[PDB]
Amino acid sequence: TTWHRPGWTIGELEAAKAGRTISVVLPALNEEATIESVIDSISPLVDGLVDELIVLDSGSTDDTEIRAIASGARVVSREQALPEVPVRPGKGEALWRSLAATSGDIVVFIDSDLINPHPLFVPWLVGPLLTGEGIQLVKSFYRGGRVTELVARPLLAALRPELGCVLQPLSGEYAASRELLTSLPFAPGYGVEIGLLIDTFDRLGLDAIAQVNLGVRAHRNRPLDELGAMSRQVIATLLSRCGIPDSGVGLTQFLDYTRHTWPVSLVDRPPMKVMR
């Protein structure tokens, strides 16, 4: 079920909640330039469609936290989200921890590096969960995605061709039921999105998954070497889901030449349910 153009009104969607709550999480690591625009794009929904909004500050050392606070957002460190458990690096750790710092029946993730995101992102993502049947996960897609098109989609075609129809498997913008998310392990680092998608599919099949058009995403764009490490972790997570042993050996890069090895992790966090 793919929406190329949503149309629900905020008021329709709110009516459709039927006692269900909605939390929104913005994970953030050093996004001082864009965080404020993102928070402002969503905060008008708070106390209405959105019951709760947090910024999960993931170790920022710039002005991310102060600017987020000044935009009226509740800011939660990785440590505060789950203080009994020492913090590991990477995005996946942050999202997993964010489940402990929220209580919505529905959880929405939005990356904090978006440049002026549309204020209907959140309504568009929750639409299928609210008005559909059996949808537990909603992915975004949009209109240059080097990792997505060179790494994730081609590996999916190779190893889970059934997910070939997912236009943006690595998309940082998505929503899901708490019941699903707290039932799934969380891959480390940049592996978290692909892991959630494959795990969701393996457990519930395609009928539990939707994808919605958010139009065009401005963000961006990153250095090649950081993409290398990201790809490595995506590969590691994807191979693991396909029953394939990963060496655990980090990508090395040669910058004569000097060498650098990036970390990779083969350790998922378990379902947040076990932490109950």
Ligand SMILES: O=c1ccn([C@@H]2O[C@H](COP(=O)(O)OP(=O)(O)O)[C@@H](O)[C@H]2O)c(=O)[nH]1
The other form holds:
Number of protein chains: 2
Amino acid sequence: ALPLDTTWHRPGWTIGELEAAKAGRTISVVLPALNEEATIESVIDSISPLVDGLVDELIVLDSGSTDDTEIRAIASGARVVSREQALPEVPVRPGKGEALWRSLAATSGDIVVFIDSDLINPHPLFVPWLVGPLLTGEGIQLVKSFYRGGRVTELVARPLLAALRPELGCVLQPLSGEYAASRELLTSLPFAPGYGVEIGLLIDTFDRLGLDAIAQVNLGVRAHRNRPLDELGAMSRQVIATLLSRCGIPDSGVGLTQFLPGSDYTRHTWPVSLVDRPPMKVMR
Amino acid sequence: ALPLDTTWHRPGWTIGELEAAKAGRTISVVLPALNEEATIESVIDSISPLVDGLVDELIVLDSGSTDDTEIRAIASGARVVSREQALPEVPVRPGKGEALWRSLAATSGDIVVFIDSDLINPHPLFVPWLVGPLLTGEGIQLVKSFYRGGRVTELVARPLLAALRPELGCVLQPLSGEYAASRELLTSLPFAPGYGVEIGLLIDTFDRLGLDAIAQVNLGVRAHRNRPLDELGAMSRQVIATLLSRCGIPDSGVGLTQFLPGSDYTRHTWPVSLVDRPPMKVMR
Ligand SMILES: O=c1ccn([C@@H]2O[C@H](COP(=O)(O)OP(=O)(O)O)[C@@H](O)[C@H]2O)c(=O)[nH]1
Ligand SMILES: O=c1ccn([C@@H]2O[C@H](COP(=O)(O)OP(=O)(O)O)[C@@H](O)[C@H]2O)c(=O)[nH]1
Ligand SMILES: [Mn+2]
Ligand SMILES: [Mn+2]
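Give me the form solved in complex with this ligand now, not the form solved without this ligand.
All chains and molecules follow, beginning with the one already shown.
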């Protein structure tokens, strides 16, 4: 009844069904990580039992961590790839979108699944639930998750989509870090910088293929860190910059400034970026 | 050091100084109210000692209350004016902006001060602090407050201003319900509907007169009700619609829809409006 293929309840496919449906296609899983020493092993362990079965390849894309992220991921049996190793001829820029774009050069699956490394005890069926529509559907190229407060999501991204791309009003979690897509789709799209990467991918997929190429699946419940409001302010600024650009509206490029009370106030300006990485295809 | 006249500490003007500075100008205070029976008397009592002195006129603009708002405001000695009485030839529309626009026809002060009726024990100097720059300055026509978490303000309005009107990046509380302005300015501007009214007035003032006509004053600390996230979602949608329109960007007019978990979800669509009230001047 939503114009977007939506799975409201627990998917019924068995792991053995999903594997049969692969039909020669491979599956890579990428966990981007910046300083997630507390949660990274729980995330890797939720998925590693699938490896050499449903999942052909699993990597941690380490995004500059200075804690114990890398040593703990290695002790959980994961292949860890730095931003530099993924694509060593090209100097590294900051932010999540850079990490995800680089991960395309360090994987080879026909299907790529992204799962954030800050999840607290994620369900082991996340990955099977995300790949279902790509495997058993026709024409699905991108699958977004939703789940059971998403302040940026409910105050910024969903209302801006209603304003500027109302056809995507049916997407419940447009900014979700858990999703899967075909390599063919991902290497044909630019990747927005920083926290803009998810909203950019969704609007670009829709603008290029329409709703029929996109599905969303209920993952039930998900837990993670709640960042402080000021960090959310910078994140929201970058989401806004990427969304305005995809909708053809010129963004000033001026970073958000904040005034912090100590009354007595101090000022801080956060970076925003208007520069995308190009489709990974051009790097061939 | 901000390009906008900003008073960072407690203003030094005495009530007797402010009165002398009036020089024949009058001052009206308007408290818009929709179902504020718990807080309305505290707000009125914070200001009524100024009446017949600094303040020439005080009204409660009752915006359709069905609780005890009106009887309690009357028992505090306030003149209460319904939306219908303010302008009886014109049928009433919903939302805050309608209430404020109508209040211009029910007052006659050269200066108009707005104070929200949901404040918990507001300081009795709010009104003197807001009128200071209009009275003692030159060329100030609008004064915004700021104070010591404003989720819509920090995630939606300030980052959209940085994107689309970065010159207003120095405004700390663009959505503040406590502000004062000349009647000449207010009756020359359209009024946005619903919760869009503050952002519309600020962008219009700036677009028409530039920064030199706007000041902001520290009111210290303010307290009020924290609305639930879904109501904030609709509010944010209307703020976005008004801000895009003032910046010349076409808004779809499609209301925000929300999916509420009961997993099992239900859907609800909130109204958004693209129709302003015209400058009150046309009603002469
Ligand atoms: O430059 C970055 C920023 C984020 N992340 C990862 O992307 C996900 C989303 O980051 P977020 O800040 O939302 O989570 P948190 O920082 O609170 O742990 C997490 O797995 C981060 O480790 C990343 O790999 N590179
Ligand atoms: O249609 C409306 C909506 C709001 N208000 C008033 O405008 C202020 C801001 O409303 P808000 O919803 O932000 O406060 P709350 O509803 O939580 O009390 C308050 O004094 C409301 O009573 C109004 O007069 N008419
Ligand atoms: Mn997170
Ligand atoms: Mn309020």
